[PDB]
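Trainee: As a plain string of letters, each chain reads:
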Amino acid sequence: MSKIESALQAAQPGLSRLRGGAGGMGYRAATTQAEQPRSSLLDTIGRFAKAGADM
Amino acid sequence: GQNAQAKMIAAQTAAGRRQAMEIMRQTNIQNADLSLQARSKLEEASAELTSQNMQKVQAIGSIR
Numbered sequence: 001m002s003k004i005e006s007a008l009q010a011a012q013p014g015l016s017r018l019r020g021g022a023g024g025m026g027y028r029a030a031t032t033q034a035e036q037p038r039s040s041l042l043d044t045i046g047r048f049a050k051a052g053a054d055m
Numbered sequence: 019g020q021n022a023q024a025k026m027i028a029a030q031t032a033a034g035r036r037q038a039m040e041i042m043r044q045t046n047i048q049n050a051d052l053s054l055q056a057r058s059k060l061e062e063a064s065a066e067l068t069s070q071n072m073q074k075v076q077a078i079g080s081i082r
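The listed protein sequences derive, respectively, from chains x and a. Once you know that position 15 of the first sequence is 15 in PDB author numbering, the rest is easy, because the numbers rise by one and skip nothing. To convert, count from 1 in the second sequence and add 18; that's PDB author numbering.
Hints in this document: simulated from the structure, not taken from any laboratory. Even for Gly, the Cβ is constructed at its ideal location relative to N, Cα and C. Treat the hints with caution; some may be incorrect.
[Claimed, not checked] Now the in silico label distances, taken between C-beta atoms and shown as ranges:
1) a:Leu67 - x:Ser40: 33 to 39 Å
2) a:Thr45 - x:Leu18: 49 to 55 Å
3) x:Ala49 - a:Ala65: 48 to 54 Å
Bound conformation, chain x alone:
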């Protein structure tokens, strides 16, 4: 029925969040890296031509 109030008289443990000294987070990774499908396609065309269509 009654409630214990010492934990209220103090900082009741394990309630919401407790912090230490966490550091060095580093945020996140990256969304891949600049992709070059366009240039790869174009250079493939260039080599194909320079080999077979450039006798």
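Starting from the known structure of chain x, arrange chain a on it as the hints suggest.
Mentor: Structure of chain a alone, referenced to chain x:
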């Protein structure tokens, strides 16, 4: 001199092909430098955010 013309034009195929290969080498190398710069920027962000964390330790500590 048909052979001379063929040799001169063959030099053009050589000029364009090595020129194009070099364009890819320079563009590909620059991109790697930019990626390394991004990595260094990430490291700097991590360091400054750690400094912000350390200041937080003392700040919230005083509040408590």
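Trainee: Which of the stated hints cannot be reconciled with the structure, identified by number in ascending sequence?
Mentor: Violated hints: none at all, because every hint is consistent with the structure.
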